[PDB]
Amino acid sequence: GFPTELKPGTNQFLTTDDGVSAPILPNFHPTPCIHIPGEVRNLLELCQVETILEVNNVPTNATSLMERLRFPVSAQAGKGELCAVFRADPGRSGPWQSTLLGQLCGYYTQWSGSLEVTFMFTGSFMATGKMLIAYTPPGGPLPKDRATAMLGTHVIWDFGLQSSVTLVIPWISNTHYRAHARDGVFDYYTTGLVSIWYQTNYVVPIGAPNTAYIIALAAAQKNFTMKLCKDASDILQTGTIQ
Amino acid sequence: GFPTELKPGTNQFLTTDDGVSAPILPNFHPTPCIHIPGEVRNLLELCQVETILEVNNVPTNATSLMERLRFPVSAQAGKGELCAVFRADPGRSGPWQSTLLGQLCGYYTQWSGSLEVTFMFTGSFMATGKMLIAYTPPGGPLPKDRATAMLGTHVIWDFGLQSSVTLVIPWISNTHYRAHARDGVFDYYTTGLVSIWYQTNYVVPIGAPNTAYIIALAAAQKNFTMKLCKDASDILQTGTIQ
Amino acid sequence: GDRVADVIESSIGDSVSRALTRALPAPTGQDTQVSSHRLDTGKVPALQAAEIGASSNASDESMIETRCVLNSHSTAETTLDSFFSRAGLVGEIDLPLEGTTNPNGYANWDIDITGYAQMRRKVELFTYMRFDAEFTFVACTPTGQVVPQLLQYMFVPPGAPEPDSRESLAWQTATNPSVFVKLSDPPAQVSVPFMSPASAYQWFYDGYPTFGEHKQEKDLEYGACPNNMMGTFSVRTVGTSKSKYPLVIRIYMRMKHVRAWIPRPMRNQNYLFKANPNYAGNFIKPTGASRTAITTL
Amino acid sequence: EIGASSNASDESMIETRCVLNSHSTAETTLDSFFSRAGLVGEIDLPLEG
Amino acid sequence: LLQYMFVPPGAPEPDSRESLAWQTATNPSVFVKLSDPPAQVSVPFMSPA
Amino acid sequence: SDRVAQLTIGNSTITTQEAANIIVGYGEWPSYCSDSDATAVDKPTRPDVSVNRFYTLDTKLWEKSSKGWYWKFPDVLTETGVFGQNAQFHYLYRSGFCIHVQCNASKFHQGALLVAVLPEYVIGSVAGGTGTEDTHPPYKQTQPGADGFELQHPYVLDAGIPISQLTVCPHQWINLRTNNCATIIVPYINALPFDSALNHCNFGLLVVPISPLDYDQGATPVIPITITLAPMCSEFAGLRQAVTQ
Amino acid sequence: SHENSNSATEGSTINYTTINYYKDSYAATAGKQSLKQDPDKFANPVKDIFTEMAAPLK
Amino acid sequence: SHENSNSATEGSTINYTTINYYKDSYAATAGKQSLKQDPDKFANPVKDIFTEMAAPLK
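Here the protein sequences line up with chains A, B, C, D, E, F, G and H, keeping their order. Here the working numbering is used: the first residue of the first sequence is 3, the next is one more, and so on. Here the working numbering is used: the first residue of the second sequence is 3, the next is one more, and so on. Here the working numbering is used: the first residue of the third sequence is 28, the next is one more, and so on. Here the working numbering is used: the first residue of the fourth sequence is -16, the next is one more, and so on. Here the working numbering is used: the first residue of the fifth sequence is 15, the next is one more, and so on. Here the working numbering is used: the first residue of the sixth sequence is -19, the next is one more, and so on. Here the working numbering is used: the first residue of the seventh sequence is -18, the next is one more, and so on. Here the working numbering is used: the first residue of the eighth sequence is -18, the next is one more, and so on.
Careful: at least some of the hints might be erroneous.
[Unchecked claim] Derived pair list, reagent style DSS-like, types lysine-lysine, alpha-carbon separation capped at 27 Å: (1) 13/H - 28/H; (2) 13/G - 224/A; (3) 17/G - 28/H.
[As the list claims (entries may be wrong)] Pair ranges (Cβ atoms, derived): (4) 115/F - 95/B: 36 to 42 Å; (5) 52/A - 61/F: 43 to 49 Å; (6) 264/C - 240/B: 50 to 56 Å; (7) 1/G - 40/C: 33 to 39 Å; (8) 24/H - 4/B: 58 to 64 Å; (9) 52/A - 193/C: 43 to 49 Å.
Just so you know, these hints were derived from the structure itself, not from any lab. Quick reminder that beta carbons are idealized off the backbone N, C-alpha and C, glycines included.
So that you can see chain A by itself, here it is in the shape it has in the complex:
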């Protein structure tokens, strides 16, 4: 080679650098490519899969770890009383990142867009109900009654023949990133809420049990994007493989 003088870029412990690598065995032919499922080009492609979501797994006992599907159904008062509420953010630790979409979001910092949700039903023929599915974008305190649902734009829902209820939450996000701070009393940054309501009662005819509890479903659309991965935060290992 032709001689030149020294320049920075060597004699340094490097990890991020992608350098050319020298193989050891020339002209090797491994097994050829075979058509098998499960290949993924990008996680965003995976984001459009039906994803079971269980919100109110409040009990914290092992014997309850068999029936976490439950959400409260009983002899309700049937006067617009609240069933359950849950904020819009899917990127916070808990049963929210329990979903694979949420599990992937838990490693990320930024987010662009929202999700799509639905909920199933398992009543009998004559058995029906009249619930209320409502979303509120961030900017308000806890809802009170039907009037707060009136303030919130959503889609009216009813248990008819069809069980599913497609609730799409558009890209309600003005900023793509925020000023850097640390955890504390900075909870002022609200993210939204979803509220579930009864109207008449859990209605079944005589001779039918008064219990019917189901789990929720959610997924992501093309609009949402999710990247800027962070390192692992919670993993359990008492020993390391030697």
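With chain A's structure known, arrange chains B, C, D, E, F, G and H on it following the hints.
For chains B, C, D, E, F, G and H alone, kept in the frame of chain A given last:
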């Protein structure tokens, strides 16, 4: 790579050199370019902005730091007596580099050209005046009277309806740089002067207060050029950020 | 169908930021030459007054004439935007063997331009910016000599936990690549691109970067954002061979890919914290020294 | 799933809005570039042990 | 362990080992060390005349 | 001859026929705002011309010992009127403006005012005045309301801002030679596309008398200056119920 | 440039050439690749396809 | 030279090619750029434009 022998140009502590740099994260897309004002290609483009200039801020008290606009107006003798004079050079420390154009010139060594100046007026309807705006290129001592103004080419000025008085000083500069020396008794290198004169008096009718003081204005044209930046000379910091 | 025309008042043709004015491009331009005194009309653009550009109803120069000047200067390469960097002292740090300021053996410093206001205020003259940066760490002895020790540099990406021990998990930093450097190799030279969460770095910004109601408790986040920042850097000695000499580092700063906006004028006072509008009001002094008279020095 | 309207109206009471896109997804893949900082491991070869 | 600092014209002449002239903000840095080949610096023509 | 305005609402109004002309901005085309880059993807709307009209907010006096005043934008009307409630219950806002300040002086009066609109200005607050002792400024200087607030030091603008170097912003003069009223034009500029109306502060006005007020004894001591504003073609995004959180 | 390669990995849409500092050839930049996605079968496993005009369900 | 780039910064008046010692592509010389300035709106905010022959003011 192909081997050659050693050449100078490495193993040296370098600061001026511009070397190729290795990024850490491949394929990153930040926010796209957004149209916002304030972009500057060159300071010379900025040099053509109206620039407020206050010359005779002689008082040095904090309570005077509220009324630095003043220039002397009173019951003048009105016999060609001098109002104020000020030399042409804008690149010397003081209230001259106080202007942004002057502030930028204070960091520079060379200069090619001069500036353009004007002055405003705030009298009432019947109130008027008759002043004298005069420039003298370098080469003479302090002016004495109207005869010295006669020696100096300038434009006659009068307070009519129009308040502004556009005085343009062309590229009166034979040399682009001078022999290198240090500060001392070398003040022989004159740079010019500007003189302000009264003719009749500060004239107002009865029932009108006898005070009207205004601030000056100046800017730069395409002809002037300014570069060869020097490092900071005056900055106040009792502590450094840790 | 098409019956009412209430909405047709709109002005489709969207180009730039919201306004209501309108203009139009032109194919070519205009030129002008110079001449001498003459009393004529129609074509007389010879002289130019930046605001008026004509002669008032009271003559300005009826008594004498003017002259002309020729140009011989070039302005092609006079731009400073990126090349305005010159010589200047920057700063240094130390990692001694035995000391009290470093009881842990490692030094973790928060990466930012807020290093030393003395020269940063020169660059801090703007608010909204997009640039590239460079960090250079040069190692030597506190005395000023060179000793063959064993040192290496670990990078701390933003979001990683701040190490509290010489054996913290932050050393693994799985997503961080590795740089192959050693004291024999030339000193550190690392490029830093623009990873601001917003379009530009926030210094002159009045807001609340944390959600929730604003109270006296949440006021320290002005300037020092715990998470919005681009991370820190941690330095220590790795390996069974521990160094037997104390060491010092000098940190060199350089900026590339200039793109600026929002001109903000010069500061003649001093701060006490990061981006603190507070000033020494009791000792305010003008940007320049004046004289008892302007006529004579 | 449905892509239509049921025989019982879903949104007969209010209307909706629209959103515009300004985001790029060309280089957001992680498959190979998902590597970042993290401690990995070490071993020792002492003289006497 | 040695290194070379350059003094551009117009900078104050250092009067101490800790003068401000060491920062020389507008002066670039050369990466040299005693192991590296000795100093070799080009000087163009910056005469005022 | 496009310096006209047709204005009538409430019970009174102010229009001009031979005023001091207008100031043009950027030589540009009309347009709406970017829509395909928000966090959500829902369709936008267009509130149109429902409520945009001029009500004066204050008639600021100018006196012998004027020290300076200013305002907070758009905090002036964020709390009052149907626009106030709309801004309170709606998260994203954007519109153009046509600032028209009424400033007249009589034959007797002489003087000038230094009215400067300063965008993006991080406000220089009192911050304890001295600021050396950690006694944080109360909320009575963060949300003053319709009264504005009094600036402390003119030639530093409470932040070290020397006066002669304010020339960057659109600069105006108030003189009986110059203007019977002043016009200011500013579009919507922000370093970030979307923000709330309660957390972020965009900018504010600034007024400091460039010349001291003077008059021979026997005339009016103070000079009122009127200000009103009405955003043109206002559009609000983040449409939601009347919910603050 | 009288040299060929011994690789059998396919799936390129544009012809391109490579140069390596080693004696091998494929160790250089792999080239630019597009993005492709087709989730139709994942969520829509329907065999009975109607015409575009007709509704899917009875 | 079968290789493309992943950059979206525009504003070039002449086509040009780049070669880098690293695996990336845009780290080489950025190219030569001209100088442009337009201060018209800064000092001349006039909406009422007369013809070239007529005077601007009455």
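Satisfaction of hint between residue 28/H and residue 17/G, Cα-Cα up to 27 Å: 52 Å, violated
Beta-carbon spacing of residue 115/F to residue 95/B - inside the hinted bounds 36 to 42 Å or not: Given about 38 Å between the Cβ atoms, the range holds.
Whether the CB-CB distance between residue 52/A and residue 193/C falls inside 43 to 49 Å: 48 Å, holds
Consistency of beta-carbon spacing, residue 4/B to residue 24/H, with hint 58 to 64 Å: 60 Å, holds
Hinted pair residue 13/H and residue 28/H, Cα distance within 27 Å: 37 Å, violated
Given hint residue 224/A paired with residue 13/G - CA-CA distance at most 27 Å: 23 Å, holds
Residue 61/F and residue 52/A - C-beta distance against the hinted 43 to 49 Å: Holds: the Cβ-Cβ distance is about 48 Å, inside 43 to 49 Å.
Cβ distance range 50 to 56 Å for residue 264/C and residue 240/B, holds or violated: For residue 264/C and residue 240/B the Cβ distance comes to about 35 Å; the hint is violated.
Residue 1/G versus residue 40/C beta-carbon gap, inside 33 to 39 Å or not: Check failed, 54 Å falls outside 33 to 39 Å.
In this structure, the hints that do not hold are numbers 1, 3, 6, 7, in rising order.
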